[PDB]
Amino acid sequence: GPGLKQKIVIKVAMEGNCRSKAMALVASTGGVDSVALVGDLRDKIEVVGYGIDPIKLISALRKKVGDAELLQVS
Amino acid sequence: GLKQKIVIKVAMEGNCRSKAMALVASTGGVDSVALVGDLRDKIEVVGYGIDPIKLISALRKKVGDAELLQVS
Numbered sequence: 001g002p003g004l005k006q007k008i009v010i011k012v013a014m015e016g017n018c019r020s021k022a023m024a025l026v027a028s029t030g031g032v033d034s035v036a037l038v039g040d041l042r043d044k045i046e047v048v049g050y051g052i053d054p055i056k057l058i059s060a061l062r063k064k065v066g067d068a069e070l071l072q073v074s
Numbered sequence: 101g102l103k104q105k106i107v108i109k110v111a112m113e114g115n116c117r118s119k120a121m122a123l124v125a126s127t128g129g130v131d132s133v134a135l136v137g138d139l140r141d142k143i144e145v146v147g148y149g150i151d152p153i154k155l156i157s158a159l160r161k162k163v164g165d166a167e168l169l170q171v172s
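Protein chains in written order, with the working numbering: chain W, 1 to 74; chain Y, 101 to 172.
Derived by calculation from the structure, the hints in this document are not laboratory data. All residues carry an ideal CB built from backbone N, CA and C; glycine is no exception. Misleading hints may appear alongside valid ones.
If you anchor each label on the Cβ, the simulated ranges turn out as follows [to be verified]:
1. Y:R160 / W:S20: 16 to 24 Å
2. W:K7 / Y:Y148: 19 to 27 Å
3. Y:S118 / W:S74: 19 to 27 Å
4. W:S59 / Y:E167: 17 to 25 Å
5. Y:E113 / W:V73: 27 to 35 Å
6. Y:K162 / W:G30: 26 to 34 Å
7. Y:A111 / W:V73: 31 to 39 Å
8. Y:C116 / W:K7: 30 to 38 Å
9. W:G30 / Y:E167: 23 to 31 Å
10. Y:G129 / W:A13: 16 to 24 Å
11. Y:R140 / W:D53: 17 to 25 Å
12. W:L70 / Y:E167: 20 to 28 Å
Heads up, simulated DSS-like pairs for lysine-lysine below, C-alpha to C-alpha not over 25 Å straight-line [unchecked claim]:
13. W:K7 / W:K21
14. W:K64 / W:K11
15. W:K63 / Y:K109
16. W:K44 / W:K7
17. W:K56 / Y:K119
18. Y:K119 / W:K7
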């Protein structure tokens, strides 16, 4: 508690309703404070939270939505 | 078709947080969701073309008691 505070930007392949799936999965993750679609193409998700493990999050995304990659973490 | 800010209060009792966040985030027109308030019991929703009436009833059906607190 509260755990490490991070802002994480993920690129996800979500062209398909696919955006809605990505956003829901990320929003459902423990420690999440905010989730936002960003970039001109709305092809990225910015997540702010406390004690989020980006490793698990990324793996859950690749398993359930599509290819996903960490672009920023701070 | 301007940028909307909608704040909803959700009874956080059923994780109930996670469900609400997931439902709101998956709703049409939604660009961002954020948990806000000292008690983290409100969701701030930003987007374009969000229908607040449908959002609220979807929450009440699926997650629990929810009311609009702010629309701008």
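Are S118 of chain Y and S74 of chain W spaced within 19 to 27 Å by their CB atoms?
-> Because 24 Å falls inside the window, the suggested range holds.
Hint says 16 to 24 Å; check whether the CB-CB distance for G129 of chain Y and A13 of chain W agrees.
-> Given a distance of about 22 Å, which is inside 16 to 24 Å, the answer is holds.
Between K162 of chain Y and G30 of chain W, does the C-beta distance stay in 26 to 34 Å?
-> violated, 20 Å
Given a hinted range of 16 to 24 Å, is it respected by the beta-carbon distance of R160 of chain Y and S20 of chain W?
-> holds, 20 Å
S59 of chain W versus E167 of chain Y beta-carbon gap, inside 17 to 25 Å or not | Taking Cβ atoms as reference, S59 of chain W and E167 of chain Y lie about 36 Å apart, which means the hint is violated.
Straight-line Cα separation of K7 of chain W and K21 of chain W no greater than 25 Å?
-> holds, 20 Å
Range hint 31 to 39 Å (beta carbons of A111 of chain Y and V73 of chain W) holds or violated = Distance hint for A111 of chain Y, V73 of chain W holds at roughly 34 Å.
Cβ-Cβ distance between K7 of chain W and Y148 of chain Y: within 19 to 27 Å?
-> Once the Cβ atoms are compared, 23 Å apart, the range 19 to 27 Å for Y148 of chain Y and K7 of chain W holds.
Hint check for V73 of chain W and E113 of chain Y - Cβ pair distance inside 27 to 35 Å | With a Cβ separation near 33 Å, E113 of chain Y and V73 of chain W satisfy 27 to 35 Å, so the hint holds.
Below or equal to 25 Å on CA atoms is what counts here, so check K44 of chain W against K7 of chain W.
-> holds, 13 Å
Hey, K64 of chain W versus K11 of chain W, does the alpha-carbon distance stay inside 25 Å?
-> holds, 14 Å
Is 30 to 38 Å a correct range for the gap between the Cβ atoms of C116 of chain Y and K7 of chain W?
-> violated, 25 Å
Checked against the numbered hints above, the structure breaks hints 4, 6, 8, 12, 15 and satisfies the rest.
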